[PDB]
Amino acid sequence: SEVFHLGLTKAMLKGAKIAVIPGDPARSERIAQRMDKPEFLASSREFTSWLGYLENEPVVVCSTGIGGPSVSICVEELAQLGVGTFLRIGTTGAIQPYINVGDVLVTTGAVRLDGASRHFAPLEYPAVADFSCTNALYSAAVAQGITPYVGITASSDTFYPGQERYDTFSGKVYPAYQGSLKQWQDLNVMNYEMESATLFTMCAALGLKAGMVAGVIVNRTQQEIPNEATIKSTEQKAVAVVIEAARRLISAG
Amino acid sequence: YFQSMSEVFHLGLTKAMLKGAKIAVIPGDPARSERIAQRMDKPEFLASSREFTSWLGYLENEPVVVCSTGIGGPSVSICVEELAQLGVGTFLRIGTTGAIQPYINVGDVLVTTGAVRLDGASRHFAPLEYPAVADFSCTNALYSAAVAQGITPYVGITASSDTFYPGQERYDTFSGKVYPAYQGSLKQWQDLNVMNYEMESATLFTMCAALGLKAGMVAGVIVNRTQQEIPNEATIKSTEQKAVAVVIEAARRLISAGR
Amino acid sequence: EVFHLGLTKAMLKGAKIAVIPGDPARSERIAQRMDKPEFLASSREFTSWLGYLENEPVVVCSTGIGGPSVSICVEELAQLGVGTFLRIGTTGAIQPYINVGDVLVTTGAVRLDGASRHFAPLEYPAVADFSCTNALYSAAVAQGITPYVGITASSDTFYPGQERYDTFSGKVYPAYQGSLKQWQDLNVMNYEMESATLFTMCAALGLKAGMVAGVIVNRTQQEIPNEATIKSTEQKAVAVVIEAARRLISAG
Amino acid sequence: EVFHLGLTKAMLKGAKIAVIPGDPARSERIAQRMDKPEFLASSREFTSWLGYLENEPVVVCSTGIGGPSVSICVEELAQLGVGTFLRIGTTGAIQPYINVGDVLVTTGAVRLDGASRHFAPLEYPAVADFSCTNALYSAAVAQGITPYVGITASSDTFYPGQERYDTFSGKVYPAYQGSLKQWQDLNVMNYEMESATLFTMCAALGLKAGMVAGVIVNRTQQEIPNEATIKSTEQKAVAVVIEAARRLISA
Amino acid sequence: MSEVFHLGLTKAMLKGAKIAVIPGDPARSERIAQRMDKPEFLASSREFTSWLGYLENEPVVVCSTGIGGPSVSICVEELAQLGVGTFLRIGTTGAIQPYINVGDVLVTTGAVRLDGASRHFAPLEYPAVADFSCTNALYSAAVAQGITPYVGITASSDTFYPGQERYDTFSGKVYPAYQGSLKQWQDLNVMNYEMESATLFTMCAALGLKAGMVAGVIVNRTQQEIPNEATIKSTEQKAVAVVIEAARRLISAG
Amino acid sequence: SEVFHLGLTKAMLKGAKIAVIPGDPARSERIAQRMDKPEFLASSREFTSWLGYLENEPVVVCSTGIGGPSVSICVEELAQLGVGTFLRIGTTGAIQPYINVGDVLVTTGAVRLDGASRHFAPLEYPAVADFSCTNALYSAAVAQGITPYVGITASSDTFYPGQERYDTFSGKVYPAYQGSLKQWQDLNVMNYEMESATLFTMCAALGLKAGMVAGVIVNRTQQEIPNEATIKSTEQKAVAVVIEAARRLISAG
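Protein chains in written order, with the deposited numbering: chain C, 2 to 254; chain A, -3 to 255; chain D, 3 to 254; chain E, 3 to 253; chain B, 1 to 254; chain F, 2 to 254.
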């Protein structure tokens, strides 16, 4: 291979300029299976890649693993192989009581509670999504009968203390993160996630285009856990949005 | 200035004088409020106090405020907060600007999605790590309005500075100096794909996001710091009018979309 | 000759000192207490008048609200040869012992602004010039006034940075919650919105700055000032700054 | 059962100690060097095996790349009763005198990651546990190796945070320009991407952590190494980490 | 008993002293006290050597601080526990500006906070600024003794070596955050480096105590000329004369 | 004298490569008198130095004064004179309830609540002790039948507010330090101290070796005042550990 981690060569992508980047290596196949003529490319560490076709054009699906550091490797190495646009698809937990399980969130900007973003730009620089990607995702959702929430996401390097979870080994969060959940709620932050600050900041710095959509499967403020059919239909909703957004971006280019 | 004639500390306005306005166009210069209002139906002067000159006018049968902010986040923060107390929910920033990328020309139009926070006021609304990002629908209305008038704007990041001089790494000054933290900073932003400098959007975007208000920004490029040529008054004045026409049409589609 | 102020070196007729209030409406009022007052210019928030004290020309120029517009004013006046800047304002105090009508002379500022950081790193002190501070203090004492002398908190906002809750959101985020009490406990006299930028930039550029303010409101009391109170307090503070300017001119 | 790892307390069979490599494919290789190895689970980047040393159960669980995934692994293993964590890896040195084939034991980490700040403020030291560090060192010496002991710079990125210019942009922004030289002049041995998170979280949580690594490349050096010396290096490093687990079990 | 924790002093031992002169070097306490009426040794504990003397019939303490904000912070806090409200710092210093000569006198209005201890009293944005009345007493005293001091900003460093960008050291190195820092301070019109004033000014403002600082310039690292020993002693003696006279003025005024 | 502050020359050290560094100038002599052929070297400001012999090798004992700034002078100037190893000895208070008066603490790392450490390395760099020094100190303690606590110390530039003391002139601590004691307790910090952050950071930056041991003479969390005999015996206990530690380091050379 021509890159350090992914196990890929330029030739293997067959001219792909756009990538869909889920977190879980097992999701790559499922997404590529909504595309035309999909084929396995490689699996190396947490990076499982597939190639598929939308609008008769090649598209990579590559898993990123959890967190900015693995995302930064994935994105950098795909960019070396000619990928210029990156669409993040995920499933998330909301922190606003008006956002329900089954809702779809499109993120315009990220609160940078990560470390990797600071290696591409100083903290004062905005972790903001690409306009054309964000539009394609929003337009894709409304066209498919979904009214997404569009706004800001908190992007944390941790699943536990950074998302102010106390159901843990220590049961503690140190003072800088005590009350942080309420802080973000009061600043109209929709949800937590763990990748978008790195993705958006590095893409803006490198001149690459990024966007993100997620399906809500849990609400931190709400009592009752939903059944794992509404979980799966939520995941489907999100994929339908990202696939259609990818087609719009391709047709537009 | 009589506090009895105002429901807010600085603007000299009451809610009723706005006649239900939910949207404001906010230029920097007090002298520009009237001109922008005259693009609307039945324009009327509202008040003038300090750097805050306000007019009302109508678009699509709805009242729209035009209020000047003065230069800088501190004065912008007062203007926005006090209009928000009087029921204004959407703020469209209009201005002219210099660019820092060689491919951006005088006469081009910039729509800003996010701001580098080189200001102070934004930190009074949210911690530094929170993004100074524009409202999606405002940004889309500004872009769409521009395209519908024959203009393809550049869309991207602006550096929002509390100063005109050292914070924009200008050396053509009294001291001729910029201290180390801001030396090389222009090049830094160029290399990070920042389009331009401006002095208000970090505060505007950060505060609106934090308060649940909607903000966007459009600007006409009237100078480029990487370029040698001097631009002429005609193209400059034309660029100002162009950008105003964009902001007005954006307001129109925001109004009709909310109907 | 300068980007914003609409002024030329010639129009200043040799002025080396400026009085810099916030409100453009006050430029003329202050100019009228000097000799041979005349209008110079008005552009955006910057309205400038010229006057004479001890047969020397003195500029009065309004700054607008906040560090950013102050930094433009001071920089551009300095390009035109002004070396000394006297800030006059009205202010709200945060200490109970400070009364409406009192006069404050500020030695240094808490840097809760952005613009100062463009002139020097945060650890550098936003401190007033010795001679300006003394002239302001002396002027006050010579007019029968015992001013408070000390530290001012200089905020880029009027609302959350001064921990106001009487607002559209009614909220202040955690980093500024408890901040007013913090400053009270650190013996800060008052809030204002310009002096951190002024002091820091003047120290950095080798210019001379001082600030005097009249207290029109106390954040620890329930009373709100009427315009007559504002007017008399303003007049009190203007008298101080005019005299301080005479003293600096005479001594120079 | 825990949220990410696909594990229950019962599946660990009382294991109090874990060896934690980064690469999912490496968990089996390492478990093969213990007694009665068995696959446990594979979920996302977390592939876990169980094995026995001095007749005692030991988990081997991959972490993926970076503090974020490490923090999930360690947290969830701690919920299941694991109290000690030994990191094994392969690394690139930044000092001219460190050779390919050398072994590094890390006492402390430069915190160039984000996850560590979710456990403790930046001024708090990312320091290895005293016991673990000694076992790693002793294990190495007993096998004829004098490891370098010292400080590692722990980066959230592979590229700009380690000041690499061989990239898509070819750029590193000013705050990281000259940072490699800065760390060299401060006697930092190497870059790595997980230890700041690991050391800081374990100190905050009351858990025990250590780290050993085999050097397979040197950023300052002309040459390029063959896979012979590389494969023996990582084999050497695994041997040190296994023996260290024994020693800790023994005491 | 009634003794403070570090200084070995009780409130009775001060005999009502409200004002202190605070040199850095233990061995200077006696010398400064001998410039006052009826000097007497009080105590010596660690770096803190204290004497009492009288000026204008009022008792005045002289206590050494040791080097750096941490020991200064002990000294000042514990003297305040004993009723001292006013603190006059006296020393000798190098200068970093070419136009400041050996033998000049510096009165410090403000400090660049390159220390740690100041941050334990106030956040970094809070100004390390001297008390108005102390600063005036020092300036007016100097002018009355035919000196015209420079009045300005001093950089207050927690180190003698790297924080003052010194390369003549064991390592020969200064890490990047401090490379170019001397020139940065020169370009921002800073007069000199010293190691205590940020802590002193910040803590005194925070606690409501009054502080001022005067120093005599005995070296200038930007100049080639080397001063002779007479000029140095004359400068030391001059700085001491100013601080004593300033204390007299403050005592008389109150 | 060929150093600026200590009043020392390389010849006066007679080849010493190692130093014991207490804080109090009055302690230097009695520590040196546990060694063979003790001799006074110099006294300047807070820096009182003595020389002694352990295992036939010369060892300096030099007092540092209080705080990172004076420590930084002492260590720099001794390094200029050829000293490469620095062992810190003192007595301390503990902030953990289970740490008793009489216990011994060996510090692996320091919380950097000081200023001088930042003049040697940026804040993210760890204030970590030298491995061999720490091992020597641990081993010496065990050999005296002491199980020392081994761990993290908080190193403060102040005695009062930075250790969250309210028994003061003002009786006040500003918000950034309110609740800080509790914060450090919950992060398993053992004790406060005033010099280790500077010492460990500078030594790692300069390539010098440092360690620290201390005897606990007071506990913030405990009710009891301990008697003088318990306190004086704790001092002796800790000094015995540091001397033995130095024997081991010398012997290993």
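FYI, nobody ran anything at the bench for these hints, they're computed from the structure.
Hints may be right or wrong, so weigh each one.
With a straight-line cut-off of 20 angstroms between C-alpha atoms, the simulated SDA-like cross-links for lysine to any residue are [claimed, not checked]:
{"id": "1", "chain 1": "B", "residue 1": "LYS173", "chain 2": "E", "residue 2": "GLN97"}
{"id": "2", "chain 1": "A", "residue 1": "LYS173", "chain 2": "D", "residue 2": "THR222"}
{"id": "3", "chain 1": "D", "residue 1": "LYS11", "chain 2": "D", "residue 2": "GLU58"}
{"id": "4", "chain 1": "D", "residue 1": "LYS18", "chain 2": "D", "residue 2": "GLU30"}
{"id": "5", "chain 1": "D", "residue 1": "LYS173", "chain 2": "C", "residue 2": "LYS11"}
{"id": "6", "chain 1": "C", "residue 1": "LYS11", "chain 2": "C", "residue 2": "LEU55"}
{"id": "7", "chain 1": "E", "residue 1": "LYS173", "chain 2": "A", "residue 2": "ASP187"}
{"id": "8", "chain 1": "A", "residue 1": "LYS183", "chain 2": "A", "residue 2": "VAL143"}
{"id": "9", "chain 1": "C", "residue 1": "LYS15", "chain 2": "E", "residue 2": "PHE170"}
{"id": "10", "chain 1": "A", "residue 1": "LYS183", "chain 2": "E", "residue 2": "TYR167"}
{"id": "11", "chain 1": "A", "residue 1": "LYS11", "chain 2": "A", "residue 2": "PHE41"}
{"id": "12", "chain 1": "A", "residue 1": "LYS11", "chain 2": "A", "residue 2": "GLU40"}
{"id": "13", "chain 1": "A", "residue 1": "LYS173", "chain 2": "D", "residue 2": "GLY83"}
{"id": "14", "chain 1": "B", "residue 1": "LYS11", "chain 2": "F", "residue 2": "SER252"}
{"id": "15", "chain 1": "D", "residue 1": "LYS233", "chain 2": "A", "residue 2": "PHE5"}
{"id": "16", "chain 1": "B", "residue 1": "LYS15", "chain 2": "B", "residue 2": "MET1"}
{"id": "17", "chain 1": "B", "residue 1": "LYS173", "chain 2": "F", "residue 2": "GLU56"}
{"id": "18", "chain 1": "B", "residue 1": "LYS18", "chain 2": "B", "residue 2": "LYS173"}
{"id": "19", "chain 1": "A", "residue 1": "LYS173", "chain 2": "B", "residue 2": "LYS18"}
{"id": "20", "chain 1": "B", "residue 1": "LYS238", "chain 2": "B", "residue 2": "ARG249"}
{"id": "21", "chain 1": "E", "residue 1": "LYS173", "chain 2": "A", "residue 2": "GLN184"}
{"id": "22", "chain 1": "F", "residue 1": "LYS18", "chain 2": "F", "residue 2": "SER252"}
{"id": "23", "chain 1": "F", "residue 1": "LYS38", "chain 2": "F", "residue 2": "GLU56"}
{"id": "24", "chain 1": "D", "residue 1": "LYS183", "chain 2": "D", "residue 2": "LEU209"}
{"id": "25", "chain 1": "F", "residue 1": "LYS11", "chain 2": "F", "residue 2": "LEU207"}
{"id": "26", "chain 1": "A", "residue 1": "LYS183", "chain 2": "E", "residue 2": "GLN97"}
{"id": "27", "chain 1": "B", "residue 1": "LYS233", "chain 2": "F", "residue 2": "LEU207"}
(request) Hint by hint, work out which the structure violates, then give me just those numbers in ascending order. (result) The structure conflicts with hints 2, 5, 8, 14, 17, 18, 19, 24, 26 and 27, although it agrees with all the remaining ones.
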